[PDB]
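Take a look at this single chain in C-alpha cells; it is the form solved without pentostatin 5'-phosphate.
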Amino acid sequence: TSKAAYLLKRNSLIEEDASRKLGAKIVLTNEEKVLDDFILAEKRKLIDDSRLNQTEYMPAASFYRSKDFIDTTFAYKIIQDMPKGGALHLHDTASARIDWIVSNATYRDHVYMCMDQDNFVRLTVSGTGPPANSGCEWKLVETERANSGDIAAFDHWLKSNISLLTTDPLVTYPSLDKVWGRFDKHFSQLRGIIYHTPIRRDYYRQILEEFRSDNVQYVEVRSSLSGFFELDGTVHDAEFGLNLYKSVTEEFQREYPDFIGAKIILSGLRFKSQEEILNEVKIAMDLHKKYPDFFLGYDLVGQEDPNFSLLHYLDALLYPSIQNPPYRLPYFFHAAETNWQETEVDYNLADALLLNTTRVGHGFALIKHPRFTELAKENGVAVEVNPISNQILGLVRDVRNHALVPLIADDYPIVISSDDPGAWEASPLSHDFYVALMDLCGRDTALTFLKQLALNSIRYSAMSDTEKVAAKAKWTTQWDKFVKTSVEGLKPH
C-alpha cells in the first residue's frame, strides 16, 4: 500500500529526528513514566488549548505576568520537589531573597538610608557616625521606621524599591540599555549593606539554606571576593572572602549531609583597567594553588556589549600559560550574550575556546557560528543556559525563540541555571527549570529532558572525576526518594 509505505517512512523519519534530542537515551522506569505522564498532560493541555483555542501561552510571557500563573500549576510543585543537581551559574550578591535584607539586615544597628538623585533608596552601614556624603541625606532606618505609622508599609516600600519585579520590566524599562540601568541600580542600592562582613556572612548562608530548600544540592558561585568592610572601617582582601565562604560552606555540609557542597569562581568586571584584570588573574593563580578544591577559576562579568572584550585582556588571560613551567588557570567566561553577529562581543566565543574554557556562560550567539559550535562539542565545553535572565535583560521576548533550542535538540553539552534570581524575585532553580520544560523543549519531551539536565550539571561541573561519581550517588539517592513520594502521592493505592 502506498499509504502504508509512506506512513512507515514517515514514522522512521520523525523518530530518527527525535532520537537525536537531549535525553533521548534516558530510559525511564515505569515509576518515572508515571511522573512523566503527569507533566506531559499539563504541558500538552497548555500547548494545545492555547494553539487551537487561540489564547496566550502564559509560560512564555514576561516573568512579571507568568510568575503568578506558574505558582499555581501542578507541575511547578513537582519541579519544586525535584533534585535538580547543581546550579552552575550564580552571582553571589543576588542569589538570595530581598525579604531577608528588609527584615533582617535593615533592622540591625548602624543602618542608614537615603534617597539618591534618581529617586531610588540606598542602604549602608556606618559605625563611625553618620555616613560621609551629601548627595544623600542619610537617616537612620531605625528612627525613620518608627516615625512612619505602619512598619509593614515601610518594609514593603523598601522591597518594592530595590526589586526589579515590582513593575513589569519589559514595560517599565523597554530598552536593553534601560533594563541594564535598573539592573545596575539594584546593586548600587545594596552595596553599602551587603559588603558589611556580618551581613555578608549571614547572607551567604541564606543562599545555601534557600538553594537546598529548593532541592538543589550543589552550587558554583561567582564572587568579587574582596571589599568586605567592618564597623571600625577595616576593608579586607580577597583571601578573607574565600575563607569566609569556606567556613560557612563546611559548617553547612556538616549540618546537612544531604548537600553535596559549594565551589567558588572569582569574577572581575569588564570595564576595569587591564592592569587590575591581570592583578586579579594573579590572585586567582595563587588562590587556585592554595585552595585547590574550593576555588575553580576566573571569569569576567558585567554588560558584554558596551564594555571591553576578551581580546582586550589577552595579555592578562594568557599570562598563566606563558609561565615556565606553564600553569593552568581554569576559565568560566561569559561569551556571546548578545544579538549581534560577527562583532567583538560575538567573537569572544573564539577567544574563550582558544583560552580553553571549561564552560561558557549564556552563549546566545553560538548557533550563529557553525565551526565554533562544532569545536566546543568536540572539546567538551558546555553552555550555561539561563532562560529567565535572557528575557528580562533583553535578548528575547518569547522564550520559544531562544537561540539554543536548536542545539538542545541535537544533544549539545548544556546545563540550566539562573543568573541573579533574587533581583527579579525568582526561585533558586525551580522557575528556570520550569521555563525550560515548557518553552525550550518539544511537546513530546518532558522528563527525559529534565533528568538529563540534572545529570549534565554533574558531568559538566568542575568537580574531580572522583567527586563526580560520589556526587551522582547523593543526587541519585534523593532522586529516587523524589520519584517514590511523588508517585505515592499521585497514583491510587
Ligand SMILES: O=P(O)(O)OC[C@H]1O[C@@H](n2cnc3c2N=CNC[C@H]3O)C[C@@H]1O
Second form
2 protein chains.
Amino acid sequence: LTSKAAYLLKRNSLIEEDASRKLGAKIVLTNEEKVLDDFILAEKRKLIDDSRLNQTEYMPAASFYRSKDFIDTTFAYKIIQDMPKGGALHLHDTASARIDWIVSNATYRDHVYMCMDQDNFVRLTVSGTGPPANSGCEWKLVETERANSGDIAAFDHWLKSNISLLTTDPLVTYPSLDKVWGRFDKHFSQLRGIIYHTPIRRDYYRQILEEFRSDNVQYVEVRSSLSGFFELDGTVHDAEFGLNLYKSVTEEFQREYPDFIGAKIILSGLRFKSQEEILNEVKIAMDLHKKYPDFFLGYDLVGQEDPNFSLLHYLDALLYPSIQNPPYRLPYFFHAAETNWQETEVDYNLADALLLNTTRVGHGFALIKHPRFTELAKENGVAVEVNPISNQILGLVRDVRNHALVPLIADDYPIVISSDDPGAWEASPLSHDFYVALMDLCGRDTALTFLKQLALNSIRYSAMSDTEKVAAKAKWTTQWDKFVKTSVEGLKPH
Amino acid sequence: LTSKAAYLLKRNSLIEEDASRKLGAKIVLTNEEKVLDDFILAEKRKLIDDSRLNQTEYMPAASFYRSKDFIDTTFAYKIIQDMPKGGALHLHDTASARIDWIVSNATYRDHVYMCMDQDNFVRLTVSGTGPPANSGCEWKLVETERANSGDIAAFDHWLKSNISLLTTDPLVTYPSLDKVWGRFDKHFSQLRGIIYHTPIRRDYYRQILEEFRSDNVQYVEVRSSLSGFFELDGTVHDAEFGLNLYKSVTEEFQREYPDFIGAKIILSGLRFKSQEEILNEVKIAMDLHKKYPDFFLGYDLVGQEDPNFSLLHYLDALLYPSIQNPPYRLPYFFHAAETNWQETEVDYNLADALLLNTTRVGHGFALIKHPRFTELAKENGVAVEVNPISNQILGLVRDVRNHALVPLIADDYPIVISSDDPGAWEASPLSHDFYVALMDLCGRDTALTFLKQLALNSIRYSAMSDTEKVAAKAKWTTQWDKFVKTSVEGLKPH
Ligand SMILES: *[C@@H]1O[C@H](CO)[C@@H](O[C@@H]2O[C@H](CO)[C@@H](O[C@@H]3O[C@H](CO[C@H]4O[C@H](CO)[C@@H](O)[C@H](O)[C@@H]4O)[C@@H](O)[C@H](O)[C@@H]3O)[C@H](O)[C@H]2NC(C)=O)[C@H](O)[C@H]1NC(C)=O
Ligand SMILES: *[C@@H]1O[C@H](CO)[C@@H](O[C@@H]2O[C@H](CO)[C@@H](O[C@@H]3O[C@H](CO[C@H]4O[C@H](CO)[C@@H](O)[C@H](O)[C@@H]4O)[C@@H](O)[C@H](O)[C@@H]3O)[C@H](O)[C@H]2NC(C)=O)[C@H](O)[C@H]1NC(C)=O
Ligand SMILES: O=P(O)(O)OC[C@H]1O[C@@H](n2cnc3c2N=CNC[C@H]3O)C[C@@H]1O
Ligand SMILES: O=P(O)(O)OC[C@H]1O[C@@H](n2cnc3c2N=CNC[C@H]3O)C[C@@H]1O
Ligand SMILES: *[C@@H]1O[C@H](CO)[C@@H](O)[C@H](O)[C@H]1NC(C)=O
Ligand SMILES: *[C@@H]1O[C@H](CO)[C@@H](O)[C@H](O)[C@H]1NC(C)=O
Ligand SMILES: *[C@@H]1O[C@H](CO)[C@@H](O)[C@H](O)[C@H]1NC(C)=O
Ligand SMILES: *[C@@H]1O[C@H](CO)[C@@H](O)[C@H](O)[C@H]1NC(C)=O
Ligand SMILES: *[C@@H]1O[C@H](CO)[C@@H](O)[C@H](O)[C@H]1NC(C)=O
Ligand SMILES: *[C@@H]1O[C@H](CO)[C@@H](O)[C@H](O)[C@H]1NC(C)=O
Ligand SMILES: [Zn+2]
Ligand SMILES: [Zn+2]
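Rather than the form solved without pentostatin 5'-phosphate that you just supplied, could I have the structure of the form deposited with pentostatin 5'-phosphate bound?
And the full complex, kicking off with our chain again.
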C-alpha cells in the first residue's frame, strides 16, 4: 500500500461518511430502479458538467420563467412526470388549478363580469342581480367583451396573460420583495370575486383533484379559508358549508378513481386580521375538528409574513384551545420564517411554532439560522414543507442552489416537497418542483433514492392516521411498481 | 402560574438557548463597550425595521456598487473604521492596495507604456529598453498621452475607471459567473506588466501596509507568487528575492510604527498549471519555510476554482513534503469550495483540504453542505476565511443575507473576516467587509460582541507562534482600549 494509497483510502472513507448522512441515503434500490437511477443521473451529470467545465449557464437554477420550457424539453422531466410522487402536503386551494380552466370554463358562465381596476389589472366577479354594486370599476359582461373581441382565442389568451404571474419574468418585472408580493396579492384579488361563487368553487376544487391525479399525485392536504362561498342571490355560506362541499367532491372523486388516496383540509386565516377574528376562527376550527375528525386537519395563518403580525401577537387566540377544561389539542400547520431576516419577529415565529406543537412547518427558510430550533424540531419530528419555485418567485433566493434548506437535506432533516400556488405561476402540480429539487437541492451523485425518499416522506409526515398511512403506502406502492416496470421496459433493450 | 405565563417562560428559555450559541455570545462587555454596542445596534435596528415594516430595500444587503455610498453615509461605518479590527488573514498582494496609487504614482515613472487590447481594456507595462516587444498591441508611452490629454485629472480618472471592477455595477455589467471572472482575470492581466516591476512592487507593498494601518488593521497575512519581479534591464528575480524584499519593507514599517504587529507571507500558485510546476513550487515553499520560518507561512493554490484543476489533481505534489524522511510539515492555506456546486470535484476539495492538514480554508462557501466535513473541520480548529463582498461580486450569492456561512456563525464556528482583493473593487482594507458582516451575517440583536469576537479570532487563528500571539493580543488590547475610551468620550455627555 502506497502513502498515496493510504491517503486515497482515508479520502474514500471521509467522503462516504459525509455522503451517507443525506436524505434518502438508506434507500435500497432494485435493479430496475437502478436502471432508472442511471438514466436520471446521466442527464443530471451532463447538465452539471457542461455548465461547470464549459462555463455556461446552469438552466435548472435560473428563473422559472426562463427555465420552464427547457425543463419541458428534458427526458428526466418526463420521467418525473410519470413518477408517483406520493402526496402534495402544502397547497392553497385558490391557486392550485390552472388559470386556463378559469378562463375556458368559468368565464363562460352567465353573470360573470370583468373590469380593469385602478392598477390596470383585470378583475373578475359574479353578480346575479345586475351589474356589480361597485361602480368604482366599470363592469362589463364577459360574454359581451368576448363577442366584441372578434378573436375568442386572442381574448382568452389576453385574459390568462393578465392574470398569470409568468406572463413576464417576475424577477425582472417585479424585482423586489415588495413588488412581487404586490403582484401576488393583486393576483388573488383579481380572482377573488369569481372563485368564491359556490358552483365555480366546487368545480374548481374538482379540477384540483383531477390535475393532481393526472400529474401522478395521489394525496393532497389543502389550506382553505373555507367560508364566504356565495350564491347568485347573495347568500353567503359559512366554513362548515365549504368543508362539506369539499368533502363530498372528494368522496365522489375517490369512488370514481380507486387509485387515488384522498384529500384533507386545513383551515387558513390571514396574518393581518384582528385578534378577535383569529380567535373566532380558532373556535370554528375547534368545532370543525371535533365534528369532522377524519377530514379536517387543523388551522394555519397565511399571507405575507414580513410586514404583518407575528404568531406571538395572536398568542391568546392560539393558546385558547389549550386553556380549556379539559384541554383541547387543535393541530397547527404554521407557515413560519419565510424570510431572509435573522433575530427578528418573523423568524422567531419558529419559537412559537414549536411551542404550539405544530405538526409541520411551511417554508422554514430561516430555520437553518437557528441551531437550537433545528435540533428541537428534528427531535420533535416536525417536518418542513419545501416549495422551491415559490421561494424563488416570491423573493427569498435567486439561485436555487443557494436555497437555505439544502444543508438540511444533506443532513437528513425530515422534509417534504410541494408547490405552494402552482396555478398562479403556471407550474405543474408537483412535477416541476420535484425536477427543481432533483436538479438543485441535492448533489451530482443523487437522483432516485432522494426522490423516492421524498415520496415516502409525504406519506410519513402527512396528517393521516396510522391506518390511513398503511393503506396509502399500499396504494402508492402499487403505483410505484407499475411506474418502474413501465419506464424500465420502455428504456431497456428487450 | 398562568398557562400564558408558563408559555412565555418556556419561550424565553428556548430563544436565549438558541441565541447563546452564536459567535461572540460569550463576550462580556464593559459599560463603555455597552455604550458603543447600543450606538451600533440602534442604527442597525432602525435600518432592519425600516426595511421590514416600510417594505423597502435593505441597502446593506444590496450590490456593493449600490450600497457603498450608503455605507459611507452611516454612523456605524465611522465606528467600524475607528475600531482596531486585528488582522486581515486573507489578502492577495496584487489587489490589496488602491488603484489610485497605481495611477497617481506608478504610471508617473519612466518607461511605463499603455495600450488598448482587443477587448478595449487598458494594459500597463514597464519596458526600459524601448517600446514593448509585443506587436499584437500598439503601445504608447503613458507620459506623452497624459500630456496630450489637456486635463490630467480627467486622464488619470479614466485610467482608474478602465481598471476598477466597481466603475459599473458588476451584477449588471457581468451578469454571470463566467462574465465576472473574465473581468476579474482581465483586471489582473491589465496590471501584470506594471506591478511586477521591482521598484513599483516594493512601493506597492509598502502602500499595502500604510493603507491597512490607516484602516486600523495591525496584522496582515498576504498570499503572493513572490517570483518574477523584474528590473529595467530585463533581469527577473526568484521567489527568495521577493520574500526578502517584502521582509525588509515589513521590518522597516515595524520599526517606524511600534503600534503595528507585523506581516507574514503565504506562497500562492495558480490552479491551472501543470503538476510538474506545482511540485516545483512546493519544493520552493519547503525551502522558504525552512529558511524563513517566522516570515513565510506556507503554500496555497489560487485562481478560479470551478473550471480548473482540483486539489486531487495535484495530490502527488501536495503529498511530496509528507513522504520525506523525516516527513516535512509544509503548512497549507487552501482556497476550497468557492462554489455553488454540490458533490462535485470543486466542493470535494474540502475533503482533500482537510486531509492535507490545512491551517485555514479560504471561502469555504459549500462547507455547510457537508455535515461531516463541518464537524471534522470544527474539531480540528480549521478556521474559515470569509470574504462577503468578494463572494457577492464574484457571483456566489446576490443577497448577502443568503450567504452560506450565516448558519455556521450562528453556531459558533471558528471564522475570520477579510477582504479578498479590496483594491480591485474599491473597498477599504477591512472596514467595508466588517460593516457587511455586522449588517448581514448576523441578526438584529448582535452588534459589538460579534465584531470583537471577529477581531479576537483573527489573532487566535493567525499563523503566528504562541509567543507572537500573546504579544499581538497585548498590542491589540492597547489599541482597543484606546478606541473604546476615545469613542465613548466623543459620544457621551461630560
Ligand atoms: C404542547 O404539547 C405539550 C406536551 O404534550 C402540552 O403540555 C402538556 O399539557 C398537558 C395537558 O395540559 C399536561 O398534562 C397534565 O399534567 C399534569 C401532571 O403533569 C405533571 O405534574 C406534576 C408536575 O411536574 C408531576 O408530579 C407529574 O408527574 C407530571 O409531570 C396534570 O395536571 C393533568 O392530569 C394532565 O395530565 C402535561 O403536563 C403537559 N406536558 C408538558 C411536557 O408540558 C402543551 O399543552 C401543548 N401546548 C399546546 C399549545 O398545545
Ligand atoms: C496530517 O497530520 C496527520 C496527523 O498529524 C499525519 O498523520 C501522521 O503521520 C505521521 C508520519 O507518517 C505518523 O507518525 C508515525 O507513526 C507511526 C506509528 O503510528 C501508529 O502505528 C501503529 C498503527 O496503528 C499504532 O499501534 C501506533 O500506536 C501508532 O498510532 C510510526 O511509524 C512513526 O513513529 C511516526 O511517528 C502518525 O502516526 C500519523 N498520525 C495519524 C493520526 O495518523 C499526516 O501524515 C498529515 N498529512 C499531511 C498531508 O501532512
Ligand atoms: O383567498 P384565500 O384566503 O383563500 O388565499 C389568498 C391568500 O393566501 C395567502 N397565500 C397563498 N399562498 C401563500 C400565501 N401566504 C403566505 N405565504 C406564501 C404562500 O404559501 C396570501 C393570499 O392573500
Ligand atoms: O498571482 P498574481 O497575484 O499575479 O494574480 C492574482 C491571482 O490570484 C487569484 N485570485 C485572486 N483573488 C482570488 C483569487 N483566486 C481565487 N479565488 C478568489 C480570490 O480569493 C487569481 C489571480 O489571477
Ligand atoms: C463542452 O462543449 C463541447 C462542445 O463545444 C462538448 O463537446 C463538450 O462535451 C462539453 N463539455 C462537457 C463537460 O459537456
Ligand atoms: C365546466 O365544468 C363543468 C364540470 O365541472 C361542466 O359541467 C361545465 O359544462 C363546464 N362549463 C363550461 C362553460 O365549459
Ligand atoms: C393587462 O392588460 C392591460 C390592457 O391590455 C395591459 O396594458 C397591461 O399591461 C396588462 N397587465 C398585465 C400585468 O399583464
Ligand atoms: C417608515 O417610514 C416612516 C416615514 O414615512 C417613518 O416615520 C417610520 O418610522 C418608518 N418605519 C420604521 C419601522 O422605521
Ligand atoms: C475603457 O475605455 C474605453 C474608452 O476609453 C471605453 O470604451 C471602455 O468601455 C472602457 N472600459 C472599462 C472597462 O471601463
Ligand atoms: C511613489 O511612492 C513612493 C513611496 O511609496 C515614493 O518614494 C515615490 O516618490 C512616489 N512616486 C511618485 C512618482 O510620486
Ligand atoms: Zn403556503
Ligand atoms: Zn483569495
